[PDB]
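Shown below, as structure tokens, is a lone chain in the form deposited in one PDB entry; questions about how it binds or moves come after it.
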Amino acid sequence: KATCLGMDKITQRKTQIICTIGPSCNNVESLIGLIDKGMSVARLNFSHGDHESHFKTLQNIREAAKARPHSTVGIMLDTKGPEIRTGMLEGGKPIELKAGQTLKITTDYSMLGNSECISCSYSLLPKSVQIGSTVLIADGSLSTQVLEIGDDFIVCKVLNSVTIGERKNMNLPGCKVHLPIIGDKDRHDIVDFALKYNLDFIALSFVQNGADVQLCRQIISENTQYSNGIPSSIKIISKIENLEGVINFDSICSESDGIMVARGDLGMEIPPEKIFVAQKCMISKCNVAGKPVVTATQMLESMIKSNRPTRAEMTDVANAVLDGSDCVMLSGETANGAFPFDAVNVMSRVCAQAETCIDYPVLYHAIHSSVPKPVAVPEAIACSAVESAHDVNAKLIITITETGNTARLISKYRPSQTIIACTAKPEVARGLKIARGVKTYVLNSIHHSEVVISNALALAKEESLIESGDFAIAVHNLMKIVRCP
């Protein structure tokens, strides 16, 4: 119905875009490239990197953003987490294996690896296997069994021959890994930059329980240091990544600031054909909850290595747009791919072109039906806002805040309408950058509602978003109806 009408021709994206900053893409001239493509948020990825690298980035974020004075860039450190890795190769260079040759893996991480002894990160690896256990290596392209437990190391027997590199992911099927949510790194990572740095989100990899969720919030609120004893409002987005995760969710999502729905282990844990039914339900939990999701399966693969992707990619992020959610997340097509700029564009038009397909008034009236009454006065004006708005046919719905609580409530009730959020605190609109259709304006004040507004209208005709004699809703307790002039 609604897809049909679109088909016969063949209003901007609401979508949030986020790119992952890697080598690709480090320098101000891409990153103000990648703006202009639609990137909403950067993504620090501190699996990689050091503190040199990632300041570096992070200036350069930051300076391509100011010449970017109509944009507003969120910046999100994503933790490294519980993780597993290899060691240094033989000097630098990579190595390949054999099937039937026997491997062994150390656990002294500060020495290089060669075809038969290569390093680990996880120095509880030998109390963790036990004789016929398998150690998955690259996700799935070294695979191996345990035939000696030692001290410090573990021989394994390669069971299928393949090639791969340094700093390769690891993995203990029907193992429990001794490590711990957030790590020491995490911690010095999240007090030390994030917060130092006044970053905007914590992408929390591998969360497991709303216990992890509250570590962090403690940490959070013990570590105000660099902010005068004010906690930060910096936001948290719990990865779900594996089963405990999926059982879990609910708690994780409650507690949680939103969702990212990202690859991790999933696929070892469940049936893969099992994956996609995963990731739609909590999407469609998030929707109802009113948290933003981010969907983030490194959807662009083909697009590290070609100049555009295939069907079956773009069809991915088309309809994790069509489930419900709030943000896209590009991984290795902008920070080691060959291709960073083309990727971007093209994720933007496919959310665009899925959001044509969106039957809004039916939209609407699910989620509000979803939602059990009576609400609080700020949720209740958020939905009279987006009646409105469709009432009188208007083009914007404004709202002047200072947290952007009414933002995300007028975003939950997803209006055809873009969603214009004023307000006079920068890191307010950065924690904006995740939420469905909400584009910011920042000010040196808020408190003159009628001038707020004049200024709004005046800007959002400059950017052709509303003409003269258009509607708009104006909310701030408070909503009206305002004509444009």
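Residue numbers count along the first chain shown, from 1. For clarity, a rigid core is taken as the largest C-alpha set superposing within 1.5 Å between two forms. First, how it differs from the form deposited in another entry.
- Once you line up the core between these two forms, the Cα of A343 stays within less than 2 Å of where it was.
- Annotation for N169: C-alpha shift of 2 angstroms or more between these two forms, rigid core superposed.
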Contents of the next structure:
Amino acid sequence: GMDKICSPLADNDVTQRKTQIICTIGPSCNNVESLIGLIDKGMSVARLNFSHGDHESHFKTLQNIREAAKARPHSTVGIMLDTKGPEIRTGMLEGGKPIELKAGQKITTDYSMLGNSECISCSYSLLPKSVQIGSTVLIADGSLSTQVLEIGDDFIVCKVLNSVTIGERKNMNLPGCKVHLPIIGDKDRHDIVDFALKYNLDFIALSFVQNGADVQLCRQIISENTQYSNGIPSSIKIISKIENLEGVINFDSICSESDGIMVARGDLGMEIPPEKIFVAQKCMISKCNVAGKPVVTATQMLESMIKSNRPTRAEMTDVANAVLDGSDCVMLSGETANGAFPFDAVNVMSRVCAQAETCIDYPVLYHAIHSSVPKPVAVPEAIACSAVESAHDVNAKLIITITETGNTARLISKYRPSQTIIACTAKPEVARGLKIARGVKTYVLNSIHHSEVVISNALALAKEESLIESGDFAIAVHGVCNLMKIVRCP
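Could you switch over to the form deposited in another entry, since the one displayed so far is the form deposited in one PDB entry?
The following holds one chain only.
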């Protein structure tokens, strides 16, 4: 549309934004007043990166978030645990002096040795088994590049292709290679059980998932560790991060096992070439739309806003295109955590997402998704469809769903309605869990047993929050989930 450029974005659209915003917490927004600012700017989920920090540091941040939650009772804030995961780092050298590198020049599994310019160490014990002859290795996030020449029993020789400067204990990438480190170590075990399960968080961002069995392994740890919840298994969500090629190869199995997916473009950018990232992003998002599971696009989405009040023109389109691709969530990393403009970063991402949503042709998007699902479908999914179609046919303002699990709210979100999906539930854990579901606003109630009562309250609260007026239609969906009804707002 042409007038969509000239006519400004209305306050109604930005307030009723559907794409969820995951803000990473850091020194720039660690206190309570800053987190309230992020909620006002439009935060959906708070992300805690356990790659750095300790339990005591993150626990104080957890208390700040929850204090910010009570200050804004009308909003709902999810809390995510992002694990460090498996990691590959180089060894020590002098250890003081950093070794100089040159083109045309080794690596050993013996981690306890003083590495020189001729030879270095590696923490990954199965380095030679993974890398074959010819395969490349990237020390210090792509600043140093080498190729595998020989494959020894306890070592692997390689020839450099650039004059690097660093370094001591820098990271490593094995592009196009399987990493046989355990998905969850003792550090991660301690993070998932004694923090995520202990303090009852909503999401686990599982780093470096390479297959379906890695998700099952995390799923097993949750069931086994029911000692912070009195034997009751947690409903915590498993968001698998696809950080390398192996995850991309086994994406279908990973997607089936996991609750959600994060397209971790940062590490993917180090593993696959830059030309492939947009393809990887669009394809994985599309499959998550078909599967009916929330997807997250993350990393370098507005990174220039770390140093400035306004983003670059490439970042402007990147957010918009992520939403147009069908991304349920968009994440900020250093923009919120380490940046000097966290409120602007969230503000700009909120407004661009909202604009992108007004440029979606929902009628066409519905049938694009509807045709992608094989028939016959289960009853709840048939009801979910009809709710979206009926909402359009009568021009309803809201789709109200009664749900104890939140699953019905996700089913309706799958078919991408233009209306806001109002989820009615009994426990706050489901409401926080639906902060990665696109276009869902949750009302927590004392009970959801009597339908007519719940529907009347939901409509009343929606009317107070200015999401519907008298006479307007609303699609109600609940059990006799096998029932759909069209109701008028009093």
